[PDB]
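Peer 1: In case you want the letters, here they are:
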Amino acid sequence: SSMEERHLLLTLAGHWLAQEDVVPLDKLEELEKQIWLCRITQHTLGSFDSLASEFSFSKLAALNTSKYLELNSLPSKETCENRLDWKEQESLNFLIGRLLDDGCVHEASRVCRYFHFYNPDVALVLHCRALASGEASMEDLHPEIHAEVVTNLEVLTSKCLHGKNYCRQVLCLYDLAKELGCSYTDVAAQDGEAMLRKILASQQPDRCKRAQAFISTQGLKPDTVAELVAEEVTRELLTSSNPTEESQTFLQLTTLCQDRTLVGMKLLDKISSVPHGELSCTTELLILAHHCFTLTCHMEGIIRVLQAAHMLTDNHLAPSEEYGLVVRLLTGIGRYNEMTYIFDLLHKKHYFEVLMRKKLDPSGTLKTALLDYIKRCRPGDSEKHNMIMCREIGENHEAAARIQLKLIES
Amino acid sequence: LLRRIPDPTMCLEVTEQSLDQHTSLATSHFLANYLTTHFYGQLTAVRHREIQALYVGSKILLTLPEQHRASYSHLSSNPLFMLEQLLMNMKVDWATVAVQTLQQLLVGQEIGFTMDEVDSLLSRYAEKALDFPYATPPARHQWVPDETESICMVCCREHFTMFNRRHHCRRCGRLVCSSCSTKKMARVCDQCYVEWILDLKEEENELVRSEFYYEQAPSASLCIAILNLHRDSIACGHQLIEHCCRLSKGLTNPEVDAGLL
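If you read the protein sequences in the order shown, they are chains B and C. Numbers 1767 to 1812, 1833 to 1933, 1972 to 2065, 2075 to 2221, 2227 to 2248, taken from the authors' numbering, label the letters of the first sequence in order. Numbers 1600 to 1733, 1801 to 1851, 1861 to 1868, 1908 to 1975, taken from the authors' numbering, label the letters of the second sequence in order.
Some hints could be false.
SDA-like cross-link-like pairs, simulated, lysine to any residue; straight-line CA separation at most 25 angstroms [stated by the list, open to error]: (1) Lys-1963/C x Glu-2171/B; (2) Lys-1658/C x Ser-1833/B; (3) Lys-1845/B x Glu-1665/C; (4) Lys-1658/C x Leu-1837/B; (5) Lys-1690/C x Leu-2101/B; (6) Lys-2208/B x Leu-1965/C; (7) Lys-1658/C x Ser-1768/B.
Think of the hints as simulated: they come from the structure by calculation, not from any bench.
My request is simple: use the sequences and hints to build the entire structure.
Peer 2: What follows is the structure, encoded as structure tokens:
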């Protein structure tokens, strides 16, 4: 714990030191160097750290200066000073792996300037951090770094054995800049959620795959993604404010999600955002709820969905009298096995013979359900039966004939 | 105050009598090592085991999210009950860390909570988990039978089905539709008329273990997640097949959605 206690006190020092008005940044530079060295020594020899972070200034603001990412911010490859030990630099690269996973661009460069370690991984890292703006000529880069926006995003993109997420975000920014048409600085200032939402409104033909790729690239948070998706769906529906053709336009949006259940939750929540008189778009909106919840089968979710469907039928559709929209919804019931709320209504709504509409059974299930309804819901009117089991009719006629035959024999 | 003990017996007696009096988080976290300081073997009893019972239970409760830490002190010193409670809130993902911690921390931890007890816990959990429904508040017998009212006892519109399910009301005991009885407090509606909260005591513990019906109907996902935790893999698969066979016969019944079934 001597190394651990040393780290604790070392981190404690900056906690007060920051409170000072004029921070002797250079004086604490040795402190940060010592803190990192203590971390490395602990690794080599390999709540406390909780409180340490609780007062840690590893992310000290002015410590993360932009000039820490200057043109030669790292020592060159030939500037690989032989001050390291056998496994010290190895554990240093080990932690630096989490660092590149951590992604603190300024902090890593500050450590390197302090530690004077020539990880060529960091060399390409410093190459790319400013190559995001392409601020230096390609020939002007280092002898190992001197050797078409994506030319930089893929010249040695895979060469990053670790920290590939850096090049991933690099290409993400490259594509974003090429698309929107703004400089590196203007793009880099917009919020991640805002930029994603801006992508959401995009209706370019092939921008869907690139945008989804960039959404993977940002890697911010799933729930925000789901919120953005629900907002985009609502916006597209409001704009829209064949029937089998737009199903793909609908679904491919939900495809952007990671696991569809959270998207279903978000869509169900956004369904309450229906506008005043929003009926036609909201019909498809409600329709999407089943197409989402069914493929994963969250029974309670589907239960609330069925409640929502009955509510749409009664609160709105019953006053709306939209016969065609209701018919399409009933077709899209999915659990049309459980459509008792309008089952007798269709017959009462003069749909009984209208149930014989052609081209409405692409899979043939509508006519089968019509036969089921003729068997159960409305038995007796064989005319609608012919319009829509002939074995059931044969059995009934045979029973009537047998009854007539037995009446005489009685 | 500790050093000012009157007699040597008094120091040990106070140290022992203290812990059991509804301790506090830091209170335990200190008094434990405090009794450790100079007692060693002075009263082994079940005392050493009890000390261990938090000696790792702290680390157990010490793997969750910051906001999640708050309710973790509700039972942070009954580790056996703690794992089950962790299972209770449907909070699967949090379990995996606890399982790894227990396995890495079993290291001779003579605390009774041997991993076999853990396997029993998990098995019982899963059995409950994939389990498929297949003037005064009324009593259990006074609850209306599920097959008594084909339509809802209140809504009277949706028939009893796997998807079209219902619940038992808390006011008159009728089979009132949750849609018709969406409130929580003759046959009157709930409006007309929830994770585990564990404790040190076993009475309400039994009440909840007999009550905490995971309202989410039987969605294999939860079952697979829960099962993937214990170690009896072949036995796990046998349990899976057995539960499958248990499910099988229900199909011919007419109150289920056969397709999704």
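Peer 1: Check each numbered hint from earlier against the structure, then list the numbers of those it violates in ascending order.
Peer 2: Checked against the structure, no hint fails, so every one of them is satisfied.
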